[PDB]
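2 protein chains.
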Amino acid sequence: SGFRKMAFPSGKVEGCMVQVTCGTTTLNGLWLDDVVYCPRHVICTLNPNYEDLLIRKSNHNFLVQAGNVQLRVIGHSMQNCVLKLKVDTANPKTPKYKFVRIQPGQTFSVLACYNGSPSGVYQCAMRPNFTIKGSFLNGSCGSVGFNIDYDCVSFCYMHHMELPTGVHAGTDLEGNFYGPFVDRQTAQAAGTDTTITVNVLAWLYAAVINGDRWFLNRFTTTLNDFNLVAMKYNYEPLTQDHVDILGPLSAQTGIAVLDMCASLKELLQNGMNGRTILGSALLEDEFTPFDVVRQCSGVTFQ
Amino acid sequence: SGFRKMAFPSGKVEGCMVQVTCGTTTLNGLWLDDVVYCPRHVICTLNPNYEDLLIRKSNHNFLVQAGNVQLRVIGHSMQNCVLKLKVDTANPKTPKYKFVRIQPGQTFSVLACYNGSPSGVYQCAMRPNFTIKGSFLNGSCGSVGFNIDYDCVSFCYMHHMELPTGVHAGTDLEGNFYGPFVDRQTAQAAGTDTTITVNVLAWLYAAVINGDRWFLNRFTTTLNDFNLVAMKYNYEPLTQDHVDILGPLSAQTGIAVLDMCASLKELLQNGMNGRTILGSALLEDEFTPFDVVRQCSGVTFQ
Ligand SMILES: *CCC(=O)N(CCC(N)=O)NC(=O)[C@H](CC1CCCCC1)NC(=O)[C@@H](NC(=O)OCc1ccccc1)[C@@H](C)OC(C)(C)C
Ligand SMILES: *CCC(=O)N(CCC(N)=O)NC(=O)[C@H](CC1CCCCC1)NC(=O)[C@@H](NC(=O)OCc1ccccc1)[C@@H](C)OC(C)(C)C
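If you read the sequences in order, they're chains A and A'. A prime marks a further copy of an entry chain. Heads up: the first sequence runs through residues 1 to 45, 50 to 306, numbered per the deposited numbering. Heads up: the second sequence runs through residues 1 to 45, 50 to 306, numbered per the deposited numbering.
These aren't lab readings, by the way, just hints derived from the structure by calculation. Some hints here could point you the wrong way.
Given that identical chains are not distinguished, each listed pair holds provided it fits within a single copy or across any two copies.
Unchecked claim - Only pairs whose alpha carbons sit at most 30 angstroms apart, straight line, appear in this in silico DSS-like list of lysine-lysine:
#	residue 1	residue 2
1	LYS137	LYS5
2	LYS97	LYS269
3	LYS5	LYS61
4	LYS102	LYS90
5	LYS269	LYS61
6	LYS236	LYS269
7	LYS5	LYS102
8	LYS88	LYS236
9	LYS102	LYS236
10	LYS137	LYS61
11	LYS97	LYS5
12	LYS269	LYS88
13	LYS61	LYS236
14	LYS90	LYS269
15	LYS5	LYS100
16	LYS269	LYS100
17	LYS236	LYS90
18	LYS5	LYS269
19	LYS97	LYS236
20	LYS100	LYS236
21	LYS269	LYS102
22	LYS90	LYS5
23	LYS61	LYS90
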């Protein structure tokens, strides 16, 4: 028992981090086979034209350090907002991997890195407004976010920038930003966020699995009537697809999904009355149904 | 900016996990050089006498799997509550490492493991009552907890057992339990816990570093008067040593330690009034002063 903000084991990703330096700019890169992926604003020189900035660069302008070893850059290309530096050596620690673009509400592990060296690992969710509430300092750009499926690393996030509210914006590993953000230092802001309803419900099921039941009640609700209360509290709408995903958790605990919705409704309307759930005094929304199953059941990775 | 429950990168420890099987019992072991460390109750056959159970075992009774490779056991010895299995092969992925016994209030990363395969990583603190609030299922015993200092892994915890309240008990890597617990399935219970005061104060300094100030006030307090209020709310006493440790954080923010104590006092006496600090509606006590400095300043590991 117990329930924790669990990250994936990070070793497979640690073996891929490197330092990219060009001009006076240094940041992190991701070394998979003979390519290094990094944010394109590593390149020299408000509102830049990156195609024009890149044609002016030479391969030897790029200093790539992998540990105590310099890698030689033999080609480069820009894809959206990431640079791909082709190097003369394939990374021998390259795991099995995929690049995936996730939906809002999905969670992932972040390996925070400075100068190509890993600093720490933590669990994040992609918010409905396409920011992440990360922990990132200057020099962290190029750190990646990932999931691990059995033996395969699915990279889903590369960090680029921090917004005025202290939240973070970045891209998938093919360089497409999540949300409306652009990689310029022009004024931009997050957009209003909402609570990830299907995740809050998954976390309530985790609480039941772990012996917490105090928040349950005898009522039920319709999907429609639930969504009417959800709207009022800035929760995103629950769909029939969300209901179906919560299926396994509902069957394991014997609590109908709409019955758990009735419990969430009463918690929204009444507060928690000075009581906690899984060690929290807030309704937690950064665990997916998959996260709960994986941790309350014990899936590993080879 | 941002502040997260950050674990250490786990790769150096992942390379040391193995599976130990003897009889019908399988659990995790830690492979450093040519020794495998695991909990001694791996051995065959309420109230066991382990010296007597161990003399009856043979080296070939122990099946140690490291990936797809069986390691051969060529000796064994018991040290307190851990077994040490000498194997014929030194682990080539052995990091630089130390074994350390930590004090209550100290934090560490836990690499949860099943059948020798890592499942997830999370951050823990040793509670004042010498339990940890982990996330552990059947088969997790032998998973380890650790800190990383630059290049060196300091192992401080090996998991053994779960207590009726859902918290966890275990040993240092030389087999000495934290707290009064014994490795038998006789009735045992945690003992009343207290809040780690110096950690709550460190976390309030983290909130200030990240732009939260709403909980500060104009008052001050004496150490003695503070401790009188702390007692009433089940907080452990703050000592002059705690005050000195909070030194660097106090100087970086310009808030005197006893001034921050006055703020904590007012938060204890008044509640948080429906407001949050660093995304929490509770006073968080599982970040040390070191944790805060490391994350708000960006220390890495090579
Ligand atoms: C790559 C360097 C890096 O580590 N990093 C991550 C910073 C953190 N803490 O996560 N990224 C940056 O520092 C980027 C670098 C620029 C280079 C040019 C191309 C875009 C990225 N800058 C910022 O993160 C920057 N944000 C920003 O400019 O947002 C747009 C904006 C501008 C002006 C007013 C309002 C919004 C940060 C450093 O600026 C603050 C918002 C002031 C923190
Ligand atoms: C090594 C197997 C393992 O994974 N593991 C971790 C369990 C979790 N979830 O963390 N450890 C155990 O399962 C141990 C195995 C025994 C073998 C004999 C020597 C001691 C350890 N058992 C327990 O964790 C057990 N606790 C326990 O017996 O506490 C003492 C006690 C007994 C009776 C009444 C009250 C306290 C668990 C499995 O028992 C529960 C407390 C019922 C959960």
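Going down the list of hints, with the structure as the test:
Both within a single protomer and between protomers do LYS137 and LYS5 lie at most 30 angstroms apart by alpha-carbon distance, with minima of 14 angstroms and 12 angstroms respectively. Taking the shortest Cα distances, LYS97 and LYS269 never come within 30 angstroms of each other, neither inside one copy (49 angstroms) nor across copies (51 angstroms). When the C-alpha separation of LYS5 and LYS61 is checked against a cutoff of 30 angstroms, the pair qualifies neither within a copy, at 43 angstroms, nor between copies, at 40 angstroms. Taking CA atoms no more than 30 angstroms apart as the test, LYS102 paired with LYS90 passes inside one copy only; the shortest distance there is 18 angstroms, against 39 angstroms between copies.
When the C-alpha separation of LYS269 and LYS61 is checked against a cutoff of 30 angstroms, the pair qualifies neither within a copy, at 58 angstroms, nor between copies, at 58 angstroms. Proximity of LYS236 to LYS269 under the C-alpha cut-off of 30 angstroms is restricted to the intra-copy arrangement: shortest distance 11 angstroms within a copy versus 35 angstroms between copies. Taking identical chains as interchangeable, the C-alpha atoms of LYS5 and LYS102 lie at most 30 angstroms apart whether they share a chain (24 angstroms) or sit on different chains (27 angstroms). In the homo-oligomer, the alpha carbons of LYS88 and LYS236 never lie at most 30 angstroms apart, since the shortest distance is 45 angstroms inside one protomer and 59 angstroms across protomers.
In this assembly of identical chains, the alpha carbons of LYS102 and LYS236 never lie at most 30 angstroms apart, being 39 angstroms within a copy and 54 angstroms across copies at closest. Proximity of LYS137 to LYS61 under the C-alpha cut-off of 30 angstroms is found in neither arrangement, the shortest distances being 34 angstroms within a copy and 53 angstroms between copies. In the homo-oligomer, the alpha carbons of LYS97 and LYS5 lie at most 30 angstroms apart both inside one protomer (27 angstroms) and across protomers (28 angstroms), since each shortest distance falls under that limit. Within a single copy, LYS269 and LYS88 get their C-alpha atoms no closer than 48 angstroms, and across copies no closer than 54 angstroms, so neither meets the 30 angstroms cut-off.
Taking identical chains as interchangeable, the C-alpha atoms of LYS61 and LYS236 are never at most 30 angstroms apart, the minima being 53 angstroms within one chain and 66 angstroms between chains. In this assembly of identical chains, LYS90 and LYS269 lie within 30 angstroms of each other by CA distance neither inside one copy nor across copies; the values are 53 angstroms within and 58 angstroms between. Taking CA atoms no more than 30 angstroms apart as the test, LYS5 paired with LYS100 passes in both settings, with 25 angstroms inside one copy and 28 angstroms between copies. For a Cα distance limit of 30 angstroms, the shortest separation of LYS269 from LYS100 qualifies neither inside one copy, at 43 angstroms, nor across copies, at 52 angstroms.
For a Cα distance limit of 30 angstroms, the shortest separation of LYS236 from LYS90 qualifies neither inside one copy, at 51 angstroms, nor across copies, at 63 angstroms. In the homo-oligomer, the alpha carbons of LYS5 and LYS269 lie at most 30 angstroms apart both inside one protomer (24 angstroms) and across protomers (29 angstroms), since each shortest distance falls under that limit. In this homomeric assembly, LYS97 and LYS236 never come within 30 angstroms of each other (Cα to Cα): the closest approach is 50 angstroms inside a single copy and 54 angstroms across copies. In this assembly of identical chains, the alpha carbons of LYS100 and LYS236 never lie at most 30 angstroms apart, being 44 angstroms within a copy and 55 angstroms across copies at closest.
For the homomeric pair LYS269 and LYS102, neither the shortest alpha-carbon distance inside one copy (39 angstroms) nor that between copies (51 angstroms) is at most 30 angstroms. For the homomeric pair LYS90 and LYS5, neither the shortest alpha-carbon distance inside one copy (36 angstroms) nor that between copies (35 angstroms) is at most 30 angstroms. Taking CA atoms no more than 30 angstroms apart as the test, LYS61 paired with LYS90 passes inside one copy only; the shortest distance there is 14 angstroms, against 56 angstroms between copies.
Hint compliance for this structure: hints 2, 3, 5, 8, 9, 10, 12, 13, 14, 16, 17, 19, 20, 21, 22 are not met, and every other hint is.
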